[PDB]
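Below you'll find only one chain, the form solved without the partner chain, shown as structure tokens.
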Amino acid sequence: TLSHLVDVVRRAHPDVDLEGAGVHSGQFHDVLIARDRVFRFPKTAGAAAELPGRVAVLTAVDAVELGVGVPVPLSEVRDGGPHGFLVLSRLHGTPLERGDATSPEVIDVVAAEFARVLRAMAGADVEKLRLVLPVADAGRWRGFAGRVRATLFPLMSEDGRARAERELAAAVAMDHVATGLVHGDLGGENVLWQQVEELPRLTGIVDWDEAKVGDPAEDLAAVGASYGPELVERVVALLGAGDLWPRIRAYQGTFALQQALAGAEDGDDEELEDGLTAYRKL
């Protein structure tokens, strides 16, 4: 298909260096990752419904004014190609490695980069956001607990199951919070940094697919899991978010299970395996 798509690209946009260009033909969409541009070509006219969803989420996130880059639609959604396509800006930068982020000369700067994005997300107009993004539903964690029990419990030791029931229950115990923007995979590989005059700057965030109106604690949990307690303590102290710790820990207690349940439900053996490692024996 992909030498069709390429002519379509050269047809729609003459100048587009396709040597060096990466390619992900995952489940629903083919993505051409070019120099300064990304092209998403859905497979099936069903999956093409996602293109205006992605425009709507990126436009809503852009309007919050986070102070960091988010992918920009460079084109309207087009009915060209097999089922349509969307061109987005490519964001430049590299994920921050744990070791790169905790050195004593950078940790305050790194904390403040996370804090200023988290602060702007917590201060978003959620009335505007609730019209476009998904919203945290009070039933989410009961839901997740059901699927963990259905799918992973039979694979666990009895001690595994008892640990998981406690972690699931701490999540189900949390009351319902929907007061800001939540990215939902913060401190992943989709958070991009650059050296700006020899110090880290958080320049871009890609992958707004899981974004919603939700709990500010959920993104803080992910920063902690990725970068360790020293860094998340600094971000929390800057945010004045000391009251969130029990919520933060409840999110974090569900991350190994989230891994495992998505490994199964999607079909990655290494994920499914590695989640469960603490819910079995050597």
The other form holds:
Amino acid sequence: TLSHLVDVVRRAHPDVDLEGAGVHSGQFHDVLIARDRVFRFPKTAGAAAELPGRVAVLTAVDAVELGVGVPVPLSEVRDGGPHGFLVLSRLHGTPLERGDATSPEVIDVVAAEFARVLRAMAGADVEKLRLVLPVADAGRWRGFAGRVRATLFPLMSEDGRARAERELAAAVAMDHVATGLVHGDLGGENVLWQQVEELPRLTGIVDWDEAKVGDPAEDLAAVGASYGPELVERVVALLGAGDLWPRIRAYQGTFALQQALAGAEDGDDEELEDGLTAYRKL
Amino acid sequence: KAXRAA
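Moving from the form solved without the partner chain, what structure would you give for the form solved in complex with the partner chain?
Now the complete complex, all chains and molecules, led by this one.
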């Protein structure tokens, strides 16, 4: 009832222009994206706990001091609207197009921007983080394999299932690592850049929903999926993370299956179809 | 969504 929500925002934030404002909507919550501010409004009394959740994650991440922006609660959580609301900062900047990230005159700068964030994430106080964030579970990939075999294997060719079993197996084989902050979805769309005196600067990281105490290889895998091995090799060279390659490849070989399984679970037909194209001939 | 993970 976006009319109500808009009135809730006008009343609580008079100077917010909702003319030409984003709307993300869901079964879960509505989000009004204004110029400098995001308003999140849960739809259920149970979804309401997401608001202190988001505050606690973003506060914990901000306390690590990554040297780049993350969304900041601009308000306390409020018990106005139907089930509460939270006002977060909007970060400025644009994902780096893959062609731009990799030009010879910027690729070293892009590599160090990723490295300095990933290094601050790897040096987080994990004893503090583990009180707030999810912690990588040793069972995670066994369970994911189980759901992939139940939901997706029937839609695959026999070659699909053989390929998927080897990809699931490389993830199930990994020993449990929980040694720093992990974003969990560190693809290009969640990383925001600005041209700062004619060179890229990494100014913001958004979408901390998958954030955890975990394996730094999982964020390097996502950087590689967005930007290719030329970039991730340079990032890994700078971090001295050459040991992580087997883990990096095991995360990356699960990405199409993660997308397929989420397409099935979320009811996004295009995500399901797109994640499965390697696993069948039709 | 999406191939990164989403």
